[PDB]
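S.K.: Residues per chain, in single letters:
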Amino acid sequence: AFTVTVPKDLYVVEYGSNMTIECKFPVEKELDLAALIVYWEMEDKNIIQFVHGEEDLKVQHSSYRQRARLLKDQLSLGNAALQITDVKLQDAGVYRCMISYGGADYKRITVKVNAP
Amino acid sequence: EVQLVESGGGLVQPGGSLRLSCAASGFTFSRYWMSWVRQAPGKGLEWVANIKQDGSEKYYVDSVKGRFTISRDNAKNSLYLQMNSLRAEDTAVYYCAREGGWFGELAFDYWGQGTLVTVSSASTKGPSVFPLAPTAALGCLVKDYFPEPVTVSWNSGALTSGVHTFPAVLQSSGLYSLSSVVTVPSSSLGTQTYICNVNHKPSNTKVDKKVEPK
Amino acid sequence: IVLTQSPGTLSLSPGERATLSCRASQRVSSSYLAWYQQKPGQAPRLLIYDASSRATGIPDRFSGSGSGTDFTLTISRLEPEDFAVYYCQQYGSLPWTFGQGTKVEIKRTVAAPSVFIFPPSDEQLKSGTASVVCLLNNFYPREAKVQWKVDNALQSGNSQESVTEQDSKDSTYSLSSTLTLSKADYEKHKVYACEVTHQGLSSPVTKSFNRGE
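Residue numbers (the deposited numbering), protein chains in the order written: chain A, 18 to 133; chain B, 1 to 134, 143 to 222; chain C, 2 to 214.
Check the hints yourself; a few may be wrong.
What the hints assert, rightly or not - Looking from chain C toward chain A, a few residues come up when the C-beta cut is under 10 angstroms (computed):
#1 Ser26
#2 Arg28
#3 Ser30
#4 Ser31
#5 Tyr33
#6 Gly93
#7 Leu95
#8 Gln167
Hints are computed from structural coordinates only; laboratory data are not their basis.
Here a beta-carbon is modelled for each residue, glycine too, at the ideal position from N, C-alpha and C.
Given the sequences, and given the hints that come with them, work out the whole structure.
M.R.: Shown next, in the form of structure tokens:
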């Protein structure tokens, strides 16, 4: 019954642009942050580890310093959105979205990057 | 040379517990998601449990959630399934599988050979071996043993062609039964020796029955 | 997510092309659909992942296609080694699920079974039970019928049957049927008969024996 979903399971983006990939999860009325965990991963790197209302930057891979953000206001709407700025060719590959809010689930997303 | 080897299976009575283990080789074990998949005798494949590289996340099928616990040790190159509160429908061959790629996007890359878990009230018991006496057909009736498996050969492996060792059937009693047959020339009756070799490892018994015409 | 494989069995000759279907009750995320091959007594081997990519070392007569909820596995120009049970599996969405399998069986010329009947050994009778066995040897196709008659009375609920896997050389099947009785019930009757029908028989084969003779 608790299910993480993906509007798009595939993204195709231009080199150098911005991108926001989305994982959705069910929220009824108001969202309690204490109960909520969000992970975004890419390959063996950690992009986002959101626990206790806070992103944990000491666990974050340094490749992603300055360019990666979980969009906080989108969370109330049951949408774990990951904004990555200045997209490079190395950003291409399979991403993972884990969300725990009572129950827990995860999904994968593929990002493809065209060069010019 | 990816390798996977399961251990720890056997017989256990209902409500009891058992711990399966899986050893890995030929790849960096700490880099991969790992699964358990099971298969009941004659049925198809059913996924059971999942674990992340660091053991930080674990997922289960409904049927085992609350009863089975998956865990792993990256240092030992080993995967574990602690099974508790076991029912008869948990009877199956249990396989370990590597989920390939970073997050499992290469599906089940590689499998172990599996280990049989048998859940039943019956006690281990060696087979009775009865002659099926006689182109002629002869054989051995291997009856009332528990649990699986049993090993059948003829003339110590020196007789192979025309040999049919049937899959065992679970009898009404809950004990296993099977027969092994072989077709031979009628002329070979009397001049040729035919010995049925039965080996049931669980009950640690070995039997050699000579089958003759009556 | 429920996967319905189709059909149940394929009967084909080497060199023919095989088409296997997998339908899903939901869209399979990113098309994460695997196919697997299983031979009797062995663990599964991965064939196709991401619906269309061959696993490593898998020969190119194995080809995957489809998307969304409808997936196909094609084996063109089958080799003898390709006859097995095939499974599809979805890994796009938890819980991972498998379809019920498809068996691809070698279709050969029709072959009639040799039929034998075996009386209970004297050694067995001291156990209180009597087992009567009926062997059906080397037939094709797999579908074979066995009726049991004690003194020309039909039997129900006291028989069990077992079938071999398709033969390595022959491509045939064999069958055993075991009729179990009390020693007391057994010694009350005279004629034990095993009656067999099969596509390869133009008349029924009955093997019998008389108790004591």
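S.K.: None of the hints should be skipped; say for each whether it holds.
M.R.: Evaluated hints:
Among the interface hints, the one on C/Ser26 is violated; its C-beta lies about 14 angstroms from the nearest C-beta in chain A, farther than the 10 angstroms criterion. For C/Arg28, the interface hint holds, since its Cβ comes within 10 angstroms of a Cβ in chain A; the closest pair sits about 9 angstroms apart. For C/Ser30, the interface hint holds, the least distance from its beta-carbon to any beta-carbon of chain A being 5 angstroms, beneath 10 angstroms. About 4 angstroms separates the beta-carbon of C/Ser31 from the nearest beta-carbon of chain A, less than 10 angstroms, and the hint is met.
Annotation: interface hint on C/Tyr33 holds; nearest CB of chain A at approximately 8 angstroms, less than 10 angstroms. Using the Cβ-Cβ criterion of 10 angstroms, the hint placing C/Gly93 at the interface with chain A is satisfied: the shortest such distance is roughly 8 angstroms. Using the Cβ-Cβ criterion of 10 angstroms, the hint placing C/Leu95 at the interface with chain A is satisfied: the shortest such distance is roughly 6 angstroms. With 10 angstroms as the threshold, the beta carbon of C/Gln167 stays out of range of chain A, its nearest partner Cβ sitting at about 39 angstroms, so the hint is violated.
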